[PDB]
Amino acid sequence: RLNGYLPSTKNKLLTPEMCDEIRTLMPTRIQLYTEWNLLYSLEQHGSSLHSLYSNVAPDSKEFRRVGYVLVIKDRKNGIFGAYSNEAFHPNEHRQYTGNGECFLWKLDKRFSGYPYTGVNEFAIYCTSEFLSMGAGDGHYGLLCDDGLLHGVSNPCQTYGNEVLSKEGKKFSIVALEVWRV
Amino acid sequence: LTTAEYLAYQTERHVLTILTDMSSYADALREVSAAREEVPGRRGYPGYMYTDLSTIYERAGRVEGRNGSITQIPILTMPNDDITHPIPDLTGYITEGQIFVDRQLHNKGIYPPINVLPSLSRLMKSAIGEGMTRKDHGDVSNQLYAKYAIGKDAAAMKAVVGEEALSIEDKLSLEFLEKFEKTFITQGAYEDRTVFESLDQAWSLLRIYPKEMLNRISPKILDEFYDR
Amino acid sequence: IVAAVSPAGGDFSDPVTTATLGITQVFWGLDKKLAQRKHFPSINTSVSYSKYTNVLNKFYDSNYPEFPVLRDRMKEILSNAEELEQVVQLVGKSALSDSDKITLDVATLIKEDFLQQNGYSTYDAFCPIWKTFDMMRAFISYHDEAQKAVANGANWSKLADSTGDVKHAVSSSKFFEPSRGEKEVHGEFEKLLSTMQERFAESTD
Amino acid sequence: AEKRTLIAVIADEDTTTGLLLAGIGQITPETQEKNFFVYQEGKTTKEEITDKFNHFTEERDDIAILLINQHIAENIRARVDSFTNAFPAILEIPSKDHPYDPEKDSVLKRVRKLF
Amino acid sequence: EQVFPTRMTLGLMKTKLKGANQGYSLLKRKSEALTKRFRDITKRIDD
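Chains as they are written, first to last, in the deposited numbering: chain P, 63 to 171, 201 to 272; chain B, 260 to 487; chain C, 412 to 616; chain N, 2 to 116; chain M, 6 to 52.
Next comes chain P alone, as it looks inside the complex:
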């Protein structure tokens, strides 16, 4: 019923109350063991997408049942993100690599969520130029630039989610953290 962190003397990190709140929604057997690990950050790992992908090595042998959490703060302190069960890494265009159990959310001091729906499986995608979440008609549910500078979020059939960013159609990034569980 508690969580821990592993940062290193940087300006901004994530809060324990936020992780306790998010712990509510994710597959069982994952909420049980609770020791979160800071796999990558924007402050003390540069601002390069290639650096992000290199840092997040798909090392699933020790535990293939590991939750991957991406938390992003928009231009005006609007926090949100998504939960993924597979490590991010560019792939061949064949298929979206993703289990039909991921979800999005808009967090605040006011949690929300949008669990995956069986309508389709779209835009669980990963490539050297972008990393976007569920999509369909209209742009992707979530999007981060190759340069980690601007992003896009819109409703999608894969999640039926609302618009997450404070600047809905497009916005800019100010700080990003990634967590492994």
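Think of the hints as simulated: they come from the structure by calculation, not from any bench.
Backbone N, C-alpha and C fix where the C-beta goes; we use that ideal spot for every residue, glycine too.
Treat the hints with care, as some may be off.
As the list claims (entries may be wrong) - The calculated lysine-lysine pairs, modelled on PhoX-like cross-linking and capped at a C-alpha distance of 20 angstroms, are:
1. P/168 x P/138
2. B/411 x M/33
3. C/462 x B/367
4. M/21 x C/444
5. B/438 x C/559
6. M/21 x C/443
7. M/48 x N/114
8. B/470 x P/74
9. M/35 x B/430
10. B/367 x C/522
11. M/33 x C/504
12. C/602 x C/578
13. N/4 x N/35
To be verified - Not close to chain C: a few residues of chain B, all C-beta gaps over 10 angstroms, as computed:
14. 288
15. 298
16. 306
17. 310
18. 317
19. 382
20. 427
21. 454
22. 482
To be verified - Simulated DEER-style distance windows between Cβ atoms:
23. B/471 x P/86: 30 to 40 angstroms
24. N/87 x C/421: 43 to 53 angstroms
25. P/92 x C/519: 44 to 54 angstroms
26. M/43 x P/92: 38 to 48 angstroms
27. C/457 x M/21: 14 to 24 angstroms
28. P/138 x C/503: 49 to 59 angstroms
Chain P is fixed; fit chains B, C, N and M onto it per the hints.
Below, chains B, C, N and M without anything else, positioned relative to chain P:
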């Protein structure tokens, strides 16, 4: 030069003068003294070009009493891309620093095709500062110069030792080099930027590296501006 | 006027060449190496230049908007290939990424197919503007498709085996003699481009 | 370069028996000859050991790792260190009840120098 | 201290000098990296 000097030192106007060529001036000068029977000097040029070139250049600089000023940006053209030629040698001797223009960058479509490694300005230290500009100019200049120099050799070694053997520093510098070339230097023919905007873009490029690693930058500036 | 300076031994030490360069707008230098190898058009693409590129865009956009960017991309490709070659010799082509080999082979293909041409075969005597445009599009599209395919993770060695067919196709594209339809040739080139996209897509599987 | 497909051993009786029951040394049906030899301490002459080594190295290139006990390899020390081609692997191991032998390993001997 | 071609061949020799410097530095660094990786192989094979 005479009209510019009149304006500057009898109307107190900060004036800037350009010439756009001096090699053709050197040709016109060799032509004279051949009408006269003065034997040719080094490379066929008249020997005494030093005196007259000094006369051309050294009518510059601020003055004690008058509030006016003046500045010069002569443009040379090395014949076969060698600094050993007398004209560039003398010009460097008389003037402060130089600005280069690489052929390779121009081939790659970089505009303005300027290479910064050989460039230099000796009076920078009196140019930047507080009030006259922001406080972080002198540090970002050195940081960017050092990182560009590192990135060039990192790109050189990439082909010989693969990419994985390269340190994390090497990969970051390799990415930064390309980003810098394609965005910062690359400027549209009609894109006008203030110094503040250029500083902001330089900060954006610097944000590639982790905050700690930017050793050459003072901790104060890092704390003040690295945010966001 | 189209002057024709004559080499005076040294490449450019002679003063006549210096004076001509001081005024002449377009210059088409000479390359010793290509001449030694019977690559008859020996224009050195490292020193030659032309200052009418800036103005010709006004005519280009009216008929062919893509010449400027495509030409710049080709020149960048050639410059990158030559600079890489500068160092590859001192060591050897062993520690090279897939993109490096792609760039090297594309540069070789362009240099041996695009640039080279003999002014004696009927299909090669005169190359119209449109044909040059289409054949240029073919090469650059091929290169960018290969780069995109490898970037997303793949071994170019395996891919090259499948690509050999389309590589031969683009290498032989020049043999389409002009003066047949002047527009049917464009349709043929478009069909070739579409089939190249299809073949890469299916083989990329 | 996968012509060397087998593994030879020049070791004592018990080690060879354990090796065979595990099974790497194959009685070559193609040659009807075994590339594995059971060493008899004091009975097998050094000439026979050198002959089998020469077979496995030059003639029977079907062997990749030419294993031998450190004590046994000591008797052929000159032969052991005379052949320094890395394409065929040569590994030295302690003999029965013989502890680890650092000086008996030519590769390790060379490692200690120029270090 | 060589065969002496005196026919305005300066550029060729300067190019040779630059190539020599580049190759020297590159091979120096390659040797550094290879020795660094050689040390660990030695240690691990010993153990």
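To see whether the hints hold, each was checked on the structure:
{"no.": "1", "hint": "P/168 x P/138", "verdict": "holds (13 angstroms)"}
{"no.": "2", "hint": "B/411 x M/33", "verdict": "holds (17 angstroms)"}
{"no.": "3", "hint": "C/462 x B/367", "verdict": "holds (16 angstroms)"}
{"no.": "4", "hint": "M/21 x C/444", "verdict": "holds (17 angstroms)"}
{"no.": "5", "hint": "B/438 x C/559", "verdict": "holds (19 angstroms)"}
{"no.": "6", "hint": "M/21 x C/443", "verdict": "holds (17 angstroms)"}
{"no.": "7", "hint": "M/48 x N/114", "verdict": "holds (14 angstroms)"}
{"no.": "8", "hint": "B/470 x P/74", "verdict": "holds (13 angstroms)"}
{"no.": "9", "hint": "M/35 x B/430", "verdict": "holds (17 angstroms)"}
{"no.": "10", "hint": "B/367 x C/522", "verdict": "holds (17 angstroms)"}
{"no.": "11", "hint": "M/33 x C/504", "verdict": "holds (18 angstroms)"}
{"no.": "12", "hint": "C/602 x C/578", "verdict": "holds (15 angstroms)"}
{"no.": "13", "hint": "N/4 x N/35", "verdict": "holds (17 angstroms)"}
{"no.": "14", "hint": "288", "verdict": "holds (14 angstroms)"}
{"no.": "15", "hint": "298", "verdict": "holds (18 angstroms)"}
{"no.": "16", "hint": "306", "verdict": "holds (19 angstroms)"}
{"no.": "17", "hint": "310", "verdict": "holds (24 angstroms)"}
{"no.": "18", "hint": "317", "verdict": "holds (26 angstroms)"}
{"no.": "19", "hint": "382", "verdict": "holds (32 angstroms)"}
{"no.": "20", "hint": "427", "verdict": "holds (18 angstroms)"}
{"no.": "21", "hint": "454", "verdict": "holds (28 angstroms)"}
{"no.": "22", "hint": "482", "verdict": "holds (38 angstroms)"}
{"no.": "23", "hint": "B/471 x P/86: 30 to 40 angstroms", "verdict": "holds (36 angstroms)"}
{"no.": "24", "hint": "N/87 x C/421: 43 to 53 angstroms", "verdict": "holds (52 angstroms)"}
{"no.": "25", "hint": "P/92 x C/519: 44 to 54 angstroms", "verdict": "holds (53 angstroms)"}
{"no.": "26", "hint": "M/43 x P/92: 38 to 48 angstroms", "verdict": "holds (44 angstroms)"}
{"no.": "27", "hint": "C/457 x M/21: 14 to 24 angstroms", "verdict": "holds (18 angstroms)"}
{"no.": "28", "hint": "P/138 x C/503: 49 to 59 angstroms", "verdict": "holds (55 angstroms)"}
Against the hints set out earlier in the document, no violation occurs for any number.
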